[PDB]
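**Q** The residues making up each chain are set out below.
4 protein chains.
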Amino acid sequence: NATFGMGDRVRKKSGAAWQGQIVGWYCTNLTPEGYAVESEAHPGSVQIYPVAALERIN
Amino acid sequence: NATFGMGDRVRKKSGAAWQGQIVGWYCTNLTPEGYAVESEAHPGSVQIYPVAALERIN
Amino acid sequence: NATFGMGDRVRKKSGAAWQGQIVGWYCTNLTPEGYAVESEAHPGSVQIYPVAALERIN
Amino acid sequence: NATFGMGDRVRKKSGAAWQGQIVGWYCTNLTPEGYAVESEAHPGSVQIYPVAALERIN
Ligand SMILES: NC(=O)c1ccc[n+]([C@@H]2O[C@H](COP(=O)([O-])OP(=O)(O)OC[C@H]3O[C@@H](n4cnc5c(N)ncnc54)[C@H](OP(=O)(O)O)[C@@H]3O)[C@@H](O)[C@H]2O)c1
Ligand SMILES: NC(=O)c1ccc[n+]([C@@H]2O[C@H](COP(=O)([O-])OP(=O)(O)OC[C@H]3O[C@@H](n4cnc5c(N)ncnc54)[C@H](OP(=O)(O)O)[C@@H]3O)[C@@H](O)[C@H]2O)c1
Ligand SMILES: NC(=O)c1ccc[n+]([C@@H]2O[C@H](COP(=O)([O-])OP(=O)(O)OC[C@H]3O[C@@H](n4cnc5c(N)ncnc54)[C@H](OP(=O)(O)O)[C@@H]3O)[C@@H](O)[C@H]2O)c1
Ligand SMILES: NC(=O)c1ccc[n+]([C@@H]2O[C@H](COP(=O)([O-])OP(=O)(O)OC[C@H]3O[C@@H](n4cnc5c(N)ncnc54)[C@H](OP(=O)(O)O)[C@@H]3O)[C@@H](O)[C@H]2O)c1
Numbered sequence: 021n022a023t024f025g026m027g028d029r030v031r032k033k034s035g036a037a038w039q040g041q042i043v044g045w046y047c048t049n050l051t052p053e054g055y056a057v058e059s060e061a062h063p064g065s066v067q068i069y070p071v072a073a074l075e076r077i078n
Numbered sequence: 021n022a023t024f025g026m027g028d029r030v031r032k033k034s035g036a037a038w039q040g041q042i043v044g045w046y047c048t049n050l051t052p053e054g055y056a057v058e059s060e061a062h063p064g065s066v067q068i069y070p071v072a073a074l075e076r077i078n
Numbered sequence: 021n022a023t024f025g026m027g028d029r030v031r032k033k034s035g036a037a038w039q040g041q042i043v044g045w046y047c048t049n050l051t052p053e054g055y056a057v058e059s060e061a062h063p064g065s066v067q068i069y070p071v072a073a074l075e076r077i078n
Numbered sequence: 021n022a023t024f025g026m027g028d029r030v031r032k033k034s035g036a037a038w039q040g041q042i043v044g045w046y047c048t049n050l051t052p053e054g055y056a057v058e059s060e061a062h063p064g065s066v067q068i069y070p071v072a073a074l075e076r077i078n
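First to last, the sequence lines map onto chains R, W, E and G. Each number in the UniProt record's numbering corresponds to the 1-based position in the first sequence with 20 added. Each number in the UniProt record's numbering corresponds to the 1-based position in the second sequence with 20 added. Each number in the UniProt record's numbering corresponds to the 1-based position in the third sequence with 20 added. Each number in the UniProt record's numbering corresponds to the 1-based position in the fourth sequence with 20 added.
The hints are simulated quantities; they were obtained by calculation from the structure and are not laboratory data. Among the hints, a few may not be true.
Copies of the same chain look alike in the list, so a pair counts if it works inside one copy or between any two.
Stated by the list, open to error - Dumping the calculated DMTMM-like pairs for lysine to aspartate or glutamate here, alpha-carbon to alpha-carbon at most 25 Å: (1) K33 - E75; (2) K33 - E53; (3) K32 - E53; (4) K32 - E60; (5) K33 - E60.
Same shape as in the complex, but just chain R:
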């Protein structure tokens, strides 16, 4: 049922920028489908976002 899979390249659609690979997943009531995304510009740094904030790119 997941929109993205591990290793998909994604970016934030709007506001603060972020772009890199899906490295993980999380689930809360506020964010029932969320992803961890490792920056492709800053190796090692990871941010987490709701699926609606992200879009996949090639």
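Let chain R serve as the given structure and place chains W, E and G with the ligands on it in line with the hints.
**A** Chains W, E and G with the ligands in isolation, oriented as in the chain R frame:
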């Protein structure tokens, strides 16, 4: 092979405090076993930490 | 011109919760008036938010 | 008494990478001299670090 499972109650072992439930997982080279943890004090806010930073509590 | 000062007790108005003291300030084009807020529940952990996301409480 | 000033270009010295401009400052007991740093690769996204984690670059 995972140290924690969804819904385990964990806290940060040292430095900045954080305590709540495991809600997710992530994997990078720097942090090959990491977890997302939703605060039990601040619903909705989630932080992510390496497994070595966390310990399970009852 | 600042809405809050160091040591004000604030909380997030909506979405993910956060509550504690103002401990700092930041300025970007996206967020020209932002604050660092140390949780009163999780000492040491700090999050940063735009002024519009926060409200002062006693 | 501050190590960096607004607009200094800094990077994380080790572990997860981060590089961009100083955009802010924070103070806690754990981190009595901390900085907010806006990524030069991902405009708008800001992370916060203790002074010991950062070094200035030209
Ligand atoms: N995503 C991560 O994992 C992560 C980790 C470390 C740092 N950060 C930092 O967080 C920032 C993300 O910036 P952004 O543009 O996505 O969001 P932002 O402008 O920093 O807004 C922060 C959050 O505050 C709330 N908010 C913002 N404006 C609001 C308003 N007018 N009214 C009510 N609430 C408002 C929303 O919080 P709610 O979500 O509570 O609605 C929003 O997600 C970056 O600087 C980033 O590096 C993110
Ligand atoms: N974990 C999250 O998801 C998350 C999200 C938003 C905000 N935060 C904020 O981050 C903070 C976590 O504080 P903390 O006590 O865990 O860490 P901290 O004292 O803020 O240190 C931050 C990071 O900088 C590096 N660092 C710190 N001291 C260093 C030193 N002497 N030399 C070299 N590097 C050093 C380490 O980075 P490296 O990891 O690169 O080694 C450390 O993990 C809290 O204020 C928290 O709310 C965390
Ligand atoms: N604030 C910090 O310093 C910090 C540090 C570490 C971790 N975090 C974590 O970030 C979370 C904050 O949650 P929250 O409720 O404030 O925000 P959220 O629901 O996690 O949303 C994250 C950000 O993604 C964007 N977004 C969310 N929904 C969107 C949508 N439908 N369309 C387009 N963009 C959308 C906004 O980003 P933009 O801001 O780019 O618009 C929003 O600020 C907590 O889990 C928190 O612990 C925050
Ligand atoms: N800095 C921010 O503003 C911010 C915002 C959002 C997301 N993040 C995310 O946080 C990450 C930073 O990674 P990093 O390499 O600096 O740190 P990290 O490897 O993610 O470690 C996280 C924190 O947990 C503690 N820790 C890590 N290893 C430990 C160990 N072996 N024993 C005890 N505690 C340990 C330290 O926390 P203590 O600090 O409590 O000692 C460390 O600062 C990135 O993925 C980044 O994008 C940071």
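**Q** Taking the earlier hints as the rules, which of them does this structure contradict?
**A** none
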